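What follows is one chain in structure tokens, specifically the form deposited in one PDB entry.
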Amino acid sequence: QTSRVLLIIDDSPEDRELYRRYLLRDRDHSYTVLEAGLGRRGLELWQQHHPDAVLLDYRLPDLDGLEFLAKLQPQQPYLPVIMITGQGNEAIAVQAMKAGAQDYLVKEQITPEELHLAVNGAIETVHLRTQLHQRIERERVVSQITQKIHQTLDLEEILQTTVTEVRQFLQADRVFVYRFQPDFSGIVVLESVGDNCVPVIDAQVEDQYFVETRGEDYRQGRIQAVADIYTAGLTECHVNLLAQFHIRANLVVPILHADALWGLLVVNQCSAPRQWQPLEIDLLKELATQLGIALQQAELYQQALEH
């Protein structure tokens, strides 16, 4: 049973209660239910809570359902709205679906099972469209970096292009590349930042975990994906440390050269926690692998000079 936020927008307190009772009868999910009796507040709750689905009464005191959809501006998001219409007004349902709704229900004909089916579909379909959009953007990033590696030997340009595009794609506060010194200490080679996190470049913090251990887990590929340093169960030493650079969410991907650990591709969220998705993690492993190709390429260019 996963969690779902469902927003009900209907001016009849009883219908809201009816729908609320119906959604609880769903074994597949646990629903957090938000309510509004007016369109304007519906819009406000929508904008503040990003609910997974919206049950929308076509006839509200302030807005008709069509006006509500038109007052919605949504990356490139899709609206998980189910229009609720009265029997006989199906023509509204059709023009609502052409305006962005995912499905509709007939008020007096609604059953719990039908409600589940509607919510499932609106959510699944928006998820498909969201995933497809993410696949397209993720492909642009990978191809753009592939392009760079084919067009140049220089690291400063490839790493830079990498750091920027991932920050753009992920909408992260910070992305940078951390490089290990021979004495297993670290420095930030490149960076790209949003002004919500206290900088790290030029202000170097000395950790003792990489000098002492050398990162054998990172050599053999270990990645860390911390959604929120306060709920992941880290030690008090680590939590307090990250709080001083305002890192709230942490994603770290090792960069490998030869059979050795060259450095780290690092993503930060500094304002709020962030649950890193499988697609995003997979993107970074891939880029890191391309960086390995770049580094290797640059070293073969160094070796070829000396000859």
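Numbering follows the first chain given and starts at 1. Between two forms, the rigid core is the largest collection of C-alphas that superpose within 1.5 Å. First, how it differs from the form deposited in another entry.
- Annotation for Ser12: C-alpha shift of 2 angstroms or more between these two forms, rigid core superposed.
- When two forms of a protein are overlaid on their rigid core, residues whose CA moves 2 Å or more are considered shifted, and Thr161 is not one of them between these two forms.
- Treated as two rigid parts, the chain shows its smaller part rotated by 27° relative to the larger one between these two forms, based on C-alpha superpositions.
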Contents of the next structure:
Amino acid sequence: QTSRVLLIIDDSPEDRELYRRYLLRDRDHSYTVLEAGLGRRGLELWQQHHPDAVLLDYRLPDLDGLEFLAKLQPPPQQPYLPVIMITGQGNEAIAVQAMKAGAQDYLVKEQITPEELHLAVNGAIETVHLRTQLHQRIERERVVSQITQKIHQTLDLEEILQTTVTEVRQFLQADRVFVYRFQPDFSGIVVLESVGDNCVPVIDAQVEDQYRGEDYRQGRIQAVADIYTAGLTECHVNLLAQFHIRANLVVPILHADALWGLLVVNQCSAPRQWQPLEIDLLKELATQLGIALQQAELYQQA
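Would you mind generating the form deposited in another entry now that we have the form deposited in one PDB entry?
Only one chain is given; partner chains and other molecules are left out.
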């Protein structure tokens, strides 16, 4: 089977073949290798087939490796380049500029062993992952921290709610995020919504659906990757599909101990396996809303 897809860009065919053979010496992974001899073709292959790692030559006919890294645009989800510059025509200065341009590692051509190549590719892939994890931790901290500041400033509840749904949708890159407030009637209306183009907006287009909030009062969440494989009742499925909802993430909002409403995230383009980081964030945000809700009524009865 294929475990890793790797893109080699080098105007030397024999050099590409050498890497190809060395990679086969790796007993941990099986590499599928894309080859390109020109920088522009390398860009096309990268953009089209999303290799897990890139071996990038410095001196190429159409453009040098440094120009290449500058043109290389990383996908929103993981914005770091798994690129290893390998050159027989380079120095520590080019190495520094390569590292600055987004390369993860830098190798001299003559000294490359199979094992060195393996570890450089492993290191590049792992380092990109590491930077990505750190990148998201920072963004998650910013979102949570921003809401805390708004509560502390005693900003109106809906501004806090509007900021919440907007910022959490941008972070998750989801198609729709909305707050679903319950009434004393136990009826619920979508109070607030942040929606892209993949979803049918429901803020206005909405007639009431009724439910048993035993789980949501207990603080339990619903994490559905695919509405068609979650074993939902078909009526429930029909309703979600009617709004093109494919993946569903529901987090309960608790004011006092009463169930106030729901913090809901939707993917409408395709199914989506919700990740621990994403769920933990929504939970924290839900808790903060519960705080803001309590502050609101204490201020009102003052």
